[PDB]
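Chemist: Here are the chains, one letter per residue:
Number of protein chains: 2
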Amino acid sequence: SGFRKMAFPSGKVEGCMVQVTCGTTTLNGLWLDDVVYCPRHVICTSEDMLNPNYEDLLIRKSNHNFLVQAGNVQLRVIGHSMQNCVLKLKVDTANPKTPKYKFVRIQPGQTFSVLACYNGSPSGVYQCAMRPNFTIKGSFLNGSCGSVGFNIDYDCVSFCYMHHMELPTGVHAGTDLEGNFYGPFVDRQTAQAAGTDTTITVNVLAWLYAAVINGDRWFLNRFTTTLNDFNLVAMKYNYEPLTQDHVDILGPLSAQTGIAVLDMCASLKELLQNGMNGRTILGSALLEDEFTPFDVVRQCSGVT
Amino acid sequence: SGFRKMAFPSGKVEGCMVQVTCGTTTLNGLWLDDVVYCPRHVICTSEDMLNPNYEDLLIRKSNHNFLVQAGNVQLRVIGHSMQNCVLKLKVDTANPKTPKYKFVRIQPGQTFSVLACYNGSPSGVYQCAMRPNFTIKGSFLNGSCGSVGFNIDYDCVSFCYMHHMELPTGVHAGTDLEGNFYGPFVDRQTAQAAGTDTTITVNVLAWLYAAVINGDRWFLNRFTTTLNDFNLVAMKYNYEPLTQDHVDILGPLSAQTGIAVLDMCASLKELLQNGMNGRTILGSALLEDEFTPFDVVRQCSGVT
Ligand SMILES: *[C@@]1(O)C(=O)Nc2ccc(S(N)(=O)=O)cc21
Ligand SMILES: *[C@@]1(O)C(=O)Nc2ccc(S(N)(=O)=O)cc21
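So the sequence lines, in the order shown, correspond to chains E and L.
When the letters of the first sequence are read in order and numbered with this note's numbering, they come out as residues 235 to 538.
When the letters of the second sequence are read in order and numbered with this note's numbering, they come out as residues 235 to 538.
Bear in mind the hints are in silico, worked out from the structure with no lab data behind them.
C-beta: ideal position from N, C-alpha, C; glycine also.
There's no promise every hint is true.
What the hints assert, rightly or not - Just the calculated beta-carbon pair ranges, DEER-fashion:
id: 1; chain 1: E; residue 1: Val307; chain 2: L; residue 2: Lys295; range: 37 to 47 Å
id: 2; chain 1: L; residue 1: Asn299; chain 2: E; residue 2: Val537; range: 21 to 31 Å
id: 3; chain 1: L; residue 1: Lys334; chain 2: E; residue 2: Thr332; range: 17 to 27 Å
id: 4; chain 1: L; residue 1: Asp267; chain 2: E; residue 2: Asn299; range: 26 to 36 Å
Stated by the list, open to error - Derived SDA-like pairs (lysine to any residue); straight-line CA-CA distance at most 20 Å:
id: 5; chain 1: E; residue 1: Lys371; chain 2: L; residue 2: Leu516
id: 6; chain 1: L; residue 1: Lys371; chain 2: E; residue 2: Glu248
id: 7; chain 1: L; residue 1: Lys371; chain 2: E; residue 2: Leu516
id: 8; chain 1: L; residue 1: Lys331; chain 2: E; residue 2: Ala304
id: 9; chain 1: L; residue 1: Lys334; chain 2: E; residue 2: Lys371
id: 10; chain 1: E; residue 1: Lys371; chain 2: L; residue 2: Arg451
id: 11; chain 1: E; residue 1: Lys371; chain 2: L; residue 2: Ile447
id: 12; chain 1: E; residue 1: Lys371; chain 2: L; residue 2: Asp497
id: 13; chain 1: E; residue 1: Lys371; chain 2: L; residue 2: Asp450
id: 14; chain 1: L; residue 1: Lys371; chain 2: E; residue 2: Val446
Excised from the complex, chain E in its bound form:
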């Protein structure tokens, strides 16, 4: 009973967090095996950030200029290299707390947990979605760069995000663990446009299935629709178009509840066209889109 915006247990990621200092700049790093990963803008002063030439700035740096501290012990840097927007600092000791892990590039609409860190120390954990426009609506202050996003499958941590930027619009931008930004963002303190964001339709429907499973049924109606009819309403309300792939992923939830995916689409169409009328669904007064169909099944079945 109950449905919550749940993050993964963060323990395996906490044991990987280190502090990285270069000159006067400090941010977070991720220590896996004998490599520490961090945003390359650790080599910049706030002055350099307006238009940085990263290749030129890194050339002024040597292994001894990167101070890596794990808790209270110092790591010895024996190599440094830039890969896209991350620096990989080779250390002489493998992290004894390195969990089984993968680096993955998530798709927009997919979710992950963020372990917000400051000075190498974890402050908190929350669940995010990578927006269709490749931004994240996180909680990041100065010094949070290097904090990572991840998913956990039994004992394997798939790292998917590293925080780099707080855009002037208040949204957050970052890279995968190979240093490639999600979206058109660059690691430069300049005005950068995030595209028009849309609501993740498959996640809203998955969340409506979670509401039915937990008792919130008031929104269910006597109507059905077609993918084409629904997509006309989706277009009007800036929802991602629903595809047969999305319908297929909702299969298990449709099977467990006995509610056809297109009947749930008609309930969503009525909610979009008429609002909530002052009511709530799972304690929320808007349509939640940060739970994937996989999150709902996992939470509703109790997968550990």
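Given chain E, work out where chain L with the ligands should sit, using these hints.
Modeler: Chain L with the ligands only, in chain E's frame:
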């Protein structure tokens, strides 16, 4: 930038989770030093739960009947005892991952993180508030009993909650770590009334301060009010009455934003009397009450 319902990093608590089996019943336990804490209803069959005589049921049990497994290793039980609604199973080995800890009984309106577990394994972490009526609106399935709520102050974990019950209304009930239930609940599968719940006024105001800090200012008005006038509106909308103690706790937030607490009360009064008019505050379409004044300061300053 950004404000999220953030949970504490759960690592220190993950290292304390064990599985406890007694007969055919399995739930979670908390291993701290050489003691494993779990709900006493682990000794019941679902049949016993309708009207259990715990003293009589425990007498049929011996140390060898309690199977405690931490990950994959077995703990040797050398003592058992019931304290209120918890069982304390003395084990022969102190948990090497026991963090610095305290047992605390939280007040209603205060918040904490829950590490939802099944069969001794962590599945997720989320932030809760202890409702004014002493229930929690969590996410708990069968097998989640023994999962704990906690707060962390630097390196000290203060355990405040242990999950015991899923009430027929879909809300959750549990105890502190001494086994005393929060509220009038008993560990019996019977119809139990949760009192009338109220909204935690001081937390809503603290959340309104968090919205001002992050840019959401539309709700601010040209009005002020008095504690007596505000409490008349609070009464009408089932909000907890605001006291000078609550105003005092909002002091630091009032100082950082330059918005007098009673001016923020008048904005809240207007939101209560007029609704949101289809707008949002911090991505929410209702008034959030699960952030204390301490949570807001901690998140907005980046305390680790
Ligand atoms: C990031 O939060 C950090 O730790 N340091 C830093 C410096 C500059 C930016 S910004 N203004 O977004 O370019 C972000 C971070
Ligand atoms: C609790 O979730 C658990 O793990 N086992 C158990 C048994 C009975 C209840 S109930 N129906 O709430 O009394 C809760 C739990």
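Chemist: Each of the hints needs a verdict: does it hold here or not?
Modeler: Here is what the structure says about each hint:
1. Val307(E) <-> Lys295(L): 37 to 47 Å: 46 Å, holds
2. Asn299(L) <-> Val537(E): 21 to 31 Å: 29 Å, holds
3. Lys334(L) <-> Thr332(E): 17 to 27 Å: Check passed, 25 Å falls within 17 to 27 Å.
4. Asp267(L) <-> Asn299(E): 26 to 36 Å: 44 Å, violated
5. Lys371(E) <-> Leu516(L): Since the Cα atoms of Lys371(E) and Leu516(L) sit roughly 10 Å apart, the hinted pair holds (cutoff 20 Å).
6. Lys371(L) <-> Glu248(E): Judged against 20 Å, a Cα distance of about 27 Å means the pair is violated.
7. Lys371(L) <-> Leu516(E): 10 Å, holds
8. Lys331(L) <-> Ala304(E): Cα-Cα ~18 Å, so holds.
9. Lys334(L) <-> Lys371(E): 33 Å, violated
10. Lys371(E) <-> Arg451(L): OK: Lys371(E) and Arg451(L) at ~18 Å, within 20 Å.
11. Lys371(E) <-> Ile447(L): With Cα atoms ~16 Å apart, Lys371(E) and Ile447(L) stay inside 20 Å; holds.
12. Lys371(E) <-> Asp497(L): Roughly 29 Å separates the two Cα atoms, so the pair is violated.
13. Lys371(E) <-> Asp450(L): Given pair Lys371(E), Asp450(L) holds - Cα atoms ~14 Å apart, limit 20 Å.
14. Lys371(L) <-> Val446(E): 17 Å, holds
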